[PDB]
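Presented below, as structure tokens, is a lone chain in the form deposited in one PDB entry.
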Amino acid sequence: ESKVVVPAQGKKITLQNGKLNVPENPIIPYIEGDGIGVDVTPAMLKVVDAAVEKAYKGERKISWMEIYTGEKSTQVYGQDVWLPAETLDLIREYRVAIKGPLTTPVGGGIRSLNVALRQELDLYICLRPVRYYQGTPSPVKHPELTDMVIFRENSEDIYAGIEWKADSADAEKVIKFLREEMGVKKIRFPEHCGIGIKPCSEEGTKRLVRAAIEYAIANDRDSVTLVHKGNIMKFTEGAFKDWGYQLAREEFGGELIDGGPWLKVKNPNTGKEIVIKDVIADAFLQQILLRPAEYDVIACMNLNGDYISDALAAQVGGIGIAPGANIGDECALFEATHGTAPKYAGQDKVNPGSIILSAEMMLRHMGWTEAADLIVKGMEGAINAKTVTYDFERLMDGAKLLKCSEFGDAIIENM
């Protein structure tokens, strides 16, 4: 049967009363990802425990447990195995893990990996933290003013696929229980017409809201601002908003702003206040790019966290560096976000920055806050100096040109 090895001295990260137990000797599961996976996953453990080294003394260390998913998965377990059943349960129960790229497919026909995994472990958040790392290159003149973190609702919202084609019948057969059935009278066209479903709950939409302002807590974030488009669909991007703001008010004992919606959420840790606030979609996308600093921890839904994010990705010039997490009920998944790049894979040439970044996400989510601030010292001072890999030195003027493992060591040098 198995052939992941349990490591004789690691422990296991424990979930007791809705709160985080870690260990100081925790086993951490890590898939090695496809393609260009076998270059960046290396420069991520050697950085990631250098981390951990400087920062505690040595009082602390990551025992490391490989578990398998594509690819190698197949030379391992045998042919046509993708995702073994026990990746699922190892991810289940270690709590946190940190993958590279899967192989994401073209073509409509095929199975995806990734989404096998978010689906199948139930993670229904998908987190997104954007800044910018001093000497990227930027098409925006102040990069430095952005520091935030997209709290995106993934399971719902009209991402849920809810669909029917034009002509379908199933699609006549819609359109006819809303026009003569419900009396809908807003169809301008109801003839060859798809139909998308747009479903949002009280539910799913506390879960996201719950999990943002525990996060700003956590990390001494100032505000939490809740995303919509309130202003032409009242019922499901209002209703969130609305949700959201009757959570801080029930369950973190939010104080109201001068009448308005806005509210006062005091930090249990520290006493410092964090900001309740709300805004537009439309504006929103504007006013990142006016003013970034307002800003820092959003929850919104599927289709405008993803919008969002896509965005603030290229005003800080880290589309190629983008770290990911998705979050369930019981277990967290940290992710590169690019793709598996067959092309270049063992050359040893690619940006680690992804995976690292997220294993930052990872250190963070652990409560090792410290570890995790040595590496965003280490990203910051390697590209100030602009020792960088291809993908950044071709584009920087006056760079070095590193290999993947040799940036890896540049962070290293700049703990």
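Numbering follows the first chain given and starts at 1. What changes on going to the form deposited in another entry:
- The candidate at the hinge, the spot where one rigid part hands over to the other between the two forms, is 124 among 124, 249, 262, 61.
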Second form
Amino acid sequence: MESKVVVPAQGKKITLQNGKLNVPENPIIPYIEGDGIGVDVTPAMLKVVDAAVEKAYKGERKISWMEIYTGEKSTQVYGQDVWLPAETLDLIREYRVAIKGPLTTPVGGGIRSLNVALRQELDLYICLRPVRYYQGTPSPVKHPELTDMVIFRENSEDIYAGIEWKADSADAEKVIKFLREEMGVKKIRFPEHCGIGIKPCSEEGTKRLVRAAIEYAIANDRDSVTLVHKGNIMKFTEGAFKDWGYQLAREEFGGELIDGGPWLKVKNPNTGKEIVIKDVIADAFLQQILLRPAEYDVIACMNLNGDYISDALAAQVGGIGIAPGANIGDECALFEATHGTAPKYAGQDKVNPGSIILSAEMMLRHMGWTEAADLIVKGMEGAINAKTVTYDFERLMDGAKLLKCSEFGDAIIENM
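Let's see the other form, the form deposited in another entry, since the form deposited in one PDB entry is already up.
Shown below: the chain alone.
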């Protein structure tokens, strides 16, 4: 019905032309609080960003936060069963740059993921997750400092599309019949009481993702792009991802064979560095990141694999309490921590706000406000090195001081 969103009177809208953002001194930034621990981490992110912006520009610049709604809080604002109001999608696109806390997705039934809904409806086809080591962060591995990677996760297709039917349903039986009788499929071991999902992977979806990964490698003078896939078992989806990725590198970036292949080199047109384009089968890759972390840099992979890789890598540098991300499309960008709503901690002021804070760091950098972004990095490193940290770091360390979520936010500010 009537919108409950309040456009800030003091703010102005970020604009986009020529693919370049025009960010005013007083930009309006929509944010979603998030379900569960969103109630803890979001207020910490708001105060930390505001402090970094104030310290960097001395009042010349200020973000006008505009709360928008999705998830539990939306049902309370807009009414029962309003989980994702249309205006939320419209406002994120209109305002160009936004940030969200995590959203709860029920298992085995219930609503489809609102996080996926946002990514899909806004065509935010890049899930960008940098994973790097902050000095002083406790880690289960001996050399966390060797992990410095950037995940480019395809964000619009794969088994994530949400195409599936429940076992014993008329639809599942309908699909199973089609597959067996019309497609001559014989490899369904138990066609009765059988759930069915569909996994699509397209040339266009692949290439736009890999193109972004390669451009990022060029823009940031990175060393390599590794295509991760399970293309021996899934030849026509994951295997195609690998083939299209290599093809894209050759056709658009001049990739050439390294010593007869199969890897390619792409010459960085800005620095002259030869960027290696390579690939690793996904299961083997989960060992490679632990046993040979220094050999990997930019990672390009499909939706599901990227999901797994995000948590696995984050764990090497302290866990998903320190794992930022962004969902990026051609028209807008929605910043977002890797982690979920961790309901068991929700409202305890306990979890690590580092992830959403570092997602705001990416947002600020995205906005060209690099000085403010630098202060967040500085404050984060300062607080961790001072061993004043949240429970997830404290349990992996001797002699640390346990801080609440809110207190760790203050610690970051104190270290700016």
